[PDB]
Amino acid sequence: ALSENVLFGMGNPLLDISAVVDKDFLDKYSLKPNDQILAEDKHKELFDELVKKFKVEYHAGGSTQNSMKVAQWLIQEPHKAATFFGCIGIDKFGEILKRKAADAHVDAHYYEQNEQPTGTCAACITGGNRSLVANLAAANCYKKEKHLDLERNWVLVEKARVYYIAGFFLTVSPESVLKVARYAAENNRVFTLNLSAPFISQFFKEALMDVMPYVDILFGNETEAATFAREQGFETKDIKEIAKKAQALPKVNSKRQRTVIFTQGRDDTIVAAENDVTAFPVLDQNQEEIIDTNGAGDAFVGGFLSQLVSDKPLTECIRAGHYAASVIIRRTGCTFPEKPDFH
């Protein structure tokens, strides 16, 4: 039986707010029916209006937290197998988010501050369409020295066997990422990281390459891989070759070989390990049943991690990732039914 806090994540928590809205609402906030955006000045009151005017459903969100809740869902027992750290506000949304994280059986410990509201992501649904508006807000305000470094929180890091941090968090607290990564190397534990988005490899390459030697498992997708390769001078556009070259990057913990895992949408998931590159087909090809790809990557990682914590074989970790993604992409955002049916 797994211990509590066996899986640790940290990143940018967001309160997901989903609702069926109307034309007037979309028009007021200048939203096309399938826009996916970061909030601009015109959207700062959107979340308050959304909750006042419409019946909403709330979820614990943000990329890393999504992966934690999916992992927890598939782990099932114990509750609080997955830990999550990040920054929230001292507001009603922050209280709702704490409740949702608890409902998801994740052991969330948030840094709370008063300067910024809790981050939010609105899914504004009309018919089969949905408009996404994300406001990072408090998520950008995480303070290593006021949260991670406190013993009551650091000990939860020390409880983990496996760590996962989205590369998005390199834009907020790269020193937190480095400290966790260093601990993983010092203790021969598995540290995992997502490339997260092309802009991470372009604009945050210093932090990314500072952490890379500590990465036991690098997750990403084909678009991130292409950008990473260009920025690192790999001189190839072939995804398998990119994965092989990333696998062979400098590494401090030589007790564990790096694994590089790049998803390709409906095309094969590519896995580079020490002595080979293997392609894992995506067996779910019913494209017409896909209603929303938002969170597919987060769910893939969560499914993978759910099996990794039990030292299951690579094939099983990939199978669980593909399963989780297949569930999430048939629902608005990174959500799932009460119980998993992964066998």
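C-alpha atoms forming the largest set that superposes within 1.5 Å between two forms make up the rigid core. Numbering follows the first chain given and starts at 1. First, how it differs from the form deposited in another entry.
Here the rigid core is superposed between these two forms, and of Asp311, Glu289, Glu45, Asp276 the C-alpha of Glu45 is the only one to shift by 2 Å or more.
Superposed on the core, the two forms differ at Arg130: its CA moves 2 Å or more between these two forms. The Cα shift for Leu15 between these two forms, taken after rigid core superposition, is 2 angstroms or larger. A movement of the C-alpha atom of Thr120 reaching 2 angstroms or beyond is seen between these two forms when the two forms are aligned on their rigid core.
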Given for the second form:
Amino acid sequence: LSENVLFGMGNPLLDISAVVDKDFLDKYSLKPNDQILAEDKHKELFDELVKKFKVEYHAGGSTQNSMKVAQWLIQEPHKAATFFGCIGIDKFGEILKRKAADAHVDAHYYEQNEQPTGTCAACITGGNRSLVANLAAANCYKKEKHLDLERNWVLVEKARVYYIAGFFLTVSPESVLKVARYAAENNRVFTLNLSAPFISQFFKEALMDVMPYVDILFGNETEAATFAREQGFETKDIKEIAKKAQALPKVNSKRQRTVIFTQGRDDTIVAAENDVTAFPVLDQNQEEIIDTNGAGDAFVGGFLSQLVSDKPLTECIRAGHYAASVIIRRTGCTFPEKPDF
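Same protein, different form: I have the form deposited in one PDB entry, so give me the form deposited in another entry.
FYI, this one's just the chain on its own, none of its partners or other molecules.
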């Protein structure tokens, strides 16, 4: 593989992670398994987390996590995976830079000095993770001042595979579209996550603007169900949702869309190759689970590590299941130094 063969961009966040209780979730009107954007009522949540819960700080952000997981499984060369996004000039920013370097990703941040680096409260209860994202600097990403510069754009031009989490549609749909159109015009593979229910609910115009450029769509079962509802697809069958998403208007007709929905411990659903297939999750030992935060990002990273080396679908899924199995045994979207795949 070459350097910069995989490209992502997104919201670089520092995760502030801790095991909480139902009470804590309930006083902040938080679902046990959800992802939301921070509101004013959530400023006290972050303070309370750090004062009374056993917080760990780990690099996060959905696309950043998948770029790191991908790199991890690739191993060599270093800098196979590129990541762009915006941070502040602060301690949390410095942490994110260090962890990107440690992960051997080619990270190029837009740094600005007004907003702090973005953070995400990762509130863990049993097999559940409730995420509250305070994007801050991540929301200040400027296409015209970063992606569009030739010294950055050349890295985009080096990639065979692109991945952007749907989360980034809340920040820069224009960036997403520029990369997607580039991918389509060059018959490269562009990939995207549904990310969270709120993306289908509140950012559906931007989502449906990018959808025609999507060669592989990722998501979980709850995200799929929401996307279906918000498109008027009524079905009691996740396989049908994946088929319907597969058949959406597509600009690059030379590649068929592939749609892949994970379902936690239930089977991963893949619409591809004129069929829909369920791939079981063979790792079912619930007693070893530490924290499911990052499971789906690790699944994507695992999948992408194999995709860039032209591996078969089965092996792509296998690597995504393996990476998720490692990540759910640790705090945050973290991993040991080496894979065992």
